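The primary structure of each chain is shown beneath.
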Amino acid sequence: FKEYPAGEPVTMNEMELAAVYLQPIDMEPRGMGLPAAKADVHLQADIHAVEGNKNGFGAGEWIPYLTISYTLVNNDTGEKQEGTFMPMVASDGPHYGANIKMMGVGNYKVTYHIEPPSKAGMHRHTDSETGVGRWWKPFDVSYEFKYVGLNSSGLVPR
Amino acid sequence: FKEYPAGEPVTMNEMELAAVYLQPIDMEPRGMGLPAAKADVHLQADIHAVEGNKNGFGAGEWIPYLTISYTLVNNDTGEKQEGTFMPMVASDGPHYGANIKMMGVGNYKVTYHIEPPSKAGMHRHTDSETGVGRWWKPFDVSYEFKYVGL
Ligand SMILES: [Cu+2]
Ligand SMILES: [Cu+2]
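Read top to bottom, the protein sequences are chains B and A. Counting in the entry's author numbering, the first sequence runs from 3 upward without gaps. Counting in the entry's author numbering, the second sequence runs from 3 upward without gaps.
Okay, chain B solo, but in the shape it has when bound:
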């Protein structure tokens, strides 16, 4: 399937963090979250270790057990939306995301608010023999993108 970048990926805390979006999706269980028919996009956080990660993840590996919320702003209109992502798995692997209703075509800012795996119940080893570095503190990452909508076969008859 096709996916579209929302702004520029960034590196922070030995991870590469990107925002992306695609068409609304269906997830298990049915009836939970915003239904696809009532959404404009599935918004996602793509987060993987980079080389030199000190928390036990190899380059390219997904970072699991994160807690992530977002603040989305249409910069043209001022309209703001807040929400949370869930951990998910799709055909191209695990991610964090949510179906969302957008706030019209325009220039957007999105900020992801990220908390480390300790919060959701992952426990790092801390000893000399098997341990890893301490978790980083919660942080934000921001993205700027132009949203025009997604591809159609035709919105009106031809």
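A portion of the hints provided could be inaccurate.
[To be verified] In the DSS-like style, the derived pairs of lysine-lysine whose C-alpha atoms are separated by at most 25 angstroms in a straight line are:
| no. | chain 1 | residue 1 | chain 2 | residue 2 |
| --- | --- | --- | --- | --- |
| 1 | B | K121 | A | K121 |
| 2 | A | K139 | A | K56 |
| 3 | A | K56 | A | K4 |
| 4 | A | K4 | B | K56 |
| 5 | B | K4 | B | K121 |
| 6 | A | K148 | A | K111 |
| 7 | A | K148 | B | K4 |
| 8 | A | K40 | A | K148 |
| 9 | B | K148 | B | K4 |
[As the list claims (entries may be wrong)] Simulated DEER-style distance windows between Cβ atoms:
| no. | chain 1 | residue 1 | chain 2 | residue 2 | range |
| --- | --- | --- | --- | --- | --- |
| 10 | B | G62 | A | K4 | 42 to 48 angstroms |
| 11 | B | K82 | A | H115 | 43 to 49 angstroms |
| 12 | B | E18 | A | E30 | 46 to 52 angstroms |
| 13 | A | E5 | B | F141 | 32 to 38 angstroms |
| 14 | B | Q83 | A | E131 | 21 to 27 angstroms |
| 15 | A | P7 | B | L157 | 57 to 63 angstroms |
| 16 | B | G80 | A | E30 | 27 to 33 angstroms |
| 17 | B | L157 | A | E131 | 31 to 37 angstroms |
| 18 | B | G151 | A | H115 | 35 to 41 angstroms |
| 19 | B | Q83 | A | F141 | 20 to 26 angstroms |
| 20 | A | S71 | B | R160 | 27 to 33 angstroms |
[As the list claims (entries may be wrong)] Counterexamples of contact, computed for chain A against chain B with all Cβ distances above 12 angstroms:
| no. | residue |
| --- | --- |
| 21 | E10 |
| 22 | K40 |
| 23 | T79 |
| 24 | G99 |
| 25 | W137 |
Simulated from the structure, these hints should not be mistaken for laboratory data. No residue lacks a Cβ here, since even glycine has one placed at the ideal position from N, Cα and C.
Given the coordinates of chain B, assemble chain A with the ligands onto it according to the supplied hints.
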């Protein structure tokens, strides 16, 4: 670091599942965990996708968001201990595990009771465009090993 196999790996539900143990470890956040000084081993489940996984995981990838409990039996005496594993990360990557006090040197069987990532809140996509196969049903896998101490 040093690590000991508990039996051999198993391939089930498009995953390779192995049991290993090592010396007790320290972990954070501690919560309800058993301190290294009060344990005999750290027991672990190593669980990664194999080729052909239908749930969105590529070969060799860790399977995250599992809910795993164990039943450990000393086969010489019949004594049984039960407990839960936690998701963890060590210098060689993520696993599931727990510090455990054994029930003496001897022959042991450990059974891992495994529930799929839906239980712990990972949501699979289900649509034709982006979806993946249904989760397997919760299942057991067991391993035999000789605990002689460390
Ligand atoms: Cu998703
Ligand atoms: Cu562990």
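Structure-based check of all given hints:
| no. | hint | in the structure |
| --- | --- | --- |
| 1 | B:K121 <-> A:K121 | holds (17 angstroms) |
| 2 | A:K139 <-> A:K56 | holds (14 angstroms) |
| 3 | A:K56 <-> A:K4 | violated (33 angstroms) |
| 4 | A:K4 <-> B:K56 | holds (20 angstroms) |
| 5 | B:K4 <-> B:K121 | violated (32 angstroms) |
| 6 | A:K148 <-> A:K111 | holds (9 angstroms) |
| 7 | A:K148 <-> B:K4 | violated (51 angstroms) |
| 8 | A:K40 <-> A:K148 | holds (20 angstroms) |
| 9 | B:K148 <-> B:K4 | holds (17 angstroms) |
| 10 | B:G62 <-> A:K4: 42 to 48 angstroms | violated (27 angstroms) |
| 11 | B:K82 <-> A:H115: 43 to 49 angstroms | holds (45 angstroms) |
| 12 | B:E18 <-> A:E30: 46 to 52 angstroms | violated (25 angstroms) |
| 13 | A:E5 <-> B:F141: 32 to 38 angstroms | holds (33 angstroms) |
| 14 | B:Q83 <-> A:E131: 21 to 27 angstroms | holds (24 angstroms) |
| 15 | A:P7 <-> B:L157: 57 to 63 angstroms | holds (60 angstroms) |
| 16 | B:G80 <-> A:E30: 27 to 33 angstroms | violated (42 angstroms) |
| 17 | B:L157 <-> A:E131: 31 to 37 angstroms | violated (19 angstroms) |
| 18 | B:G151 <-> A:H115: 35 to 41 angstroms | violated (47 angstroms) |
| 19 | B:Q83 <-> A:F141: 20 to 26 angstroms | violated (41 angstroms) |
| 20 | A:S71 <-> B:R160: 27 to 33 angstroms | violated (59 angstroms) |
| 21 | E10 | holds (23 angstroms) |
| 22 | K40 | holds (15 angstroms) |
| 23 | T79 | holds (30 angstroms) |
| 24 | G99 | violated (9 angstroms) |
| 25 | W137 | violated (8 angstroms) |
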